[PDB]
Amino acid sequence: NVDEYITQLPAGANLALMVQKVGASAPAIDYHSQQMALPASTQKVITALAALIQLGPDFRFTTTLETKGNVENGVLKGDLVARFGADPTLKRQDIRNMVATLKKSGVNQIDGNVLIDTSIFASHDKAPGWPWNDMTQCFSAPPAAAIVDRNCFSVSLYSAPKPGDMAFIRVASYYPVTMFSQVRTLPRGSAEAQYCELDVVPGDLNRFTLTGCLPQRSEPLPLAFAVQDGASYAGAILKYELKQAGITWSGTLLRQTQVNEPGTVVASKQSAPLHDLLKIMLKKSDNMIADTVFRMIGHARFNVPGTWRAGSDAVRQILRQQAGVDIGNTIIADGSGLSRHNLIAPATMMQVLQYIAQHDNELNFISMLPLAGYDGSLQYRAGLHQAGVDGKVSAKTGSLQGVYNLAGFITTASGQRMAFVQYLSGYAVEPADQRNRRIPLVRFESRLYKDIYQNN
């Protein structure tokens, strides 16, 4: 009763839907299944499959400290290279530990430069089609080769006691960022409060200026922002940890972007295995893991510094050549599904899902998807709960402004496992219905998935 369920949805919402028994060649439900749509975070299903095929479940991201030169009486005569590898889980502590290892190895002083090497990747750290306005948000932090603590930092914004005075910013001292406030404090119930925005404006070298207005508040406003220049940020963290460990140097911090032969590895950190990281990625919809993996796929397949284009080409090739899926006119722009350039039909995603199901004993893939009513993004999915399908749906969600997708597997009343793709976009509610905007979605899903479960 798809057309009927559609009437639950806001005016003019666009659904493309396909439901098909695992291993079958004809769908049970086909509603605009050939139509292209924005996949949002369901793109991560493709990223995970191509990643397992190209890199394997035991791949680890790695970061090293390398020396180029001889060490004479504790002095490195040459450069220290910190070679980053797009590990999305690297932490400040890891940098601190690698420096401790460097110190313990006998290096007290560097007669030379400190190089922040990001040559594993090239070109922009932002995928084509990502909205500019989200670039300062942590969910869209540029997934650079140099990541520390997810390239996200937090700040506290305090209103001035005196209306009219500048709001002021508190930030922890260890974050190598530079904050400026041009934020005017407003009285509690100002009319100027209506159209005066509070904005963040990023500058070079991880400078951020806050502008606009802030109404007086009793508690400081917590804000979190994305680092725009990972290389500089990681360099500053490295500089701080070197100084704390008493290692001095004569040169400066420089970027090394061109491919080069590695020095001797004196310290290293490897991530958890790729299967573990893909699990986090699929359970929680981790954009940063998805996108670091995506550019790593292209680097590994083509032996070139990883770029968005190389990743797109690689994923297409892997799907066709290793999984037997020709994605045709599909557009793959990134790994996370954030890009509004991504475009794929349910019927194409269905081929991917059918491949995964067929090879699931090899891939151990379906166990990584959120299980409705249990974990990940589906722990609390109201539509699926009310449908009676908790514990019976393993599926990847995808959500952007106006896009509410699901893609995965359902075990039905008969025990038949079915793959399904729900691509719902163009979803918008009347301006006076905003913080209720999700009830039509919930009503739609409750009915749809009960139907699928009960009738198959």
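The term rigid core refers to the most C-alpha atoms you can superpose between the two forms while keeping them within 1.5 Å. Numbering follows the first chain given and starts at 1. First, how it differs from the form deposited in another entry.
- Relative to the superposed core, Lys21 undergoes a Cα shift smaller than 2 Å between the two forms.
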Second form
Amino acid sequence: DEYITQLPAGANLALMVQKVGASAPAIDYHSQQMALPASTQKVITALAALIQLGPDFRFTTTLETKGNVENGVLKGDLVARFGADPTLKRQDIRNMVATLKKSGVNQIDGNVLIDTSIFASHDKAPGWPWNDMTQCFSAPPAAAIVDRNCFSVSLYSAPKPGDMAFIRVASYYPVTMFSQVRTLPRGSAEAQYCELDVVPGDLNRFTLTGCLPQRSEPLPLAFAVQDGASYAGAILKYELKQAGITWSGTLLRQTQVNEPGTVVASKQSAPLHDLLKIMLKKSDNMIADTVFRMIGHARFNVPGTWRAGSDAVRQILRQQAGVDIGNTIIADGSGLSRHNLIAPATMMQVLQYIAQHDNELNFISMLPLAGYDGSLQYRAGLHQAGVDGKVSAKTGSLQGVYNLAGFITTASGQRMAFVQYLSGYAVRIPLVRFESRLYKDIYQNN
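Having displayed the form deposited in one PDB entry, please output the structure of the form deposited in another entry.
No partner chains or extra molecules come along with it, only the chain itself.
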């Protein structure tokens, strides 16, 4: 009430603070008003994941044979069955292929199948901004992921202005780069409104367009792979050839559910509890979103889709956590989607459940701890409020958005849950002053 005055009038605050297990809140300010959660969405994802999949779930990738092996020759298909493992690396594919060879397969009399049947429909959630789709933080969290589905490129201006700027990319990235970038003389009138753009095409083609001012060093750029299956296929095909394995057929995608072949090689991710800790400490969208469609797959035994994920999380929260989210909209796991819409009061029910079951979930220890390595290592409001070491909370940050959801231990040692949904802060002083006062008050007055 007094605090709100610290913020620009352009800003929208919805805030709830409640003692763990209490029937009534200590602070309740527009707590039923629905807001964009951004990355605080990951709290709900983590909880739904632990309940549905459990802390010991591991993502799985396999090479399977369908057919008889005669004289080093597979009579049939090689199936590379991807499982949305966010942490799969090129070297892992190389290792599985080394294992395939070692098992006695030198030749495939058949097709190489890139099986993505674990998932179906689009690899991008509803409500994701189109313009972010080429950025690594928003890379499609496909069934087929290798080195996070992100690659990097160097863009060099041409020595003579008007000449085409040129692109260097490492041999080990199966992408196709084209440049239509005009190098501008220093001081060109064109430089103010001529954009430098990336335009993705089919089969992991990328075209760079527009203008680049003459510059002395290359411009480093990182892009998201748009077609994870094709990318993973191309890497597998490279690794097969290097290991001297030949095949007569072609690389085909397999999207339809099917019975597994004989598993000849496999890679499993770290256990889910480990991945959810990375996810919560780093706000890792890819772990959040692979987990999210995995939940739907697991709950309903269908290829995982965004809709299946949303229905499953809603159900898990209602039936296992006794939280009816009502009119909340859950669109993804990471909070990237602009369709995600939730009130502090609803997220409070989620936090209350977590605090009440924390000896079981080992959840709170996974959230960023204020003043320690993580997203809250130094958040000036919290530091100045004197609450380093006292707040465990998930951030949700965007231009003009400063969300915080989690727990604080007060001066008297009571634990309080809080949801701070604060947006349109297009107007780092008013925010600091608000949070310094607010968290200082909660800590010392409870």
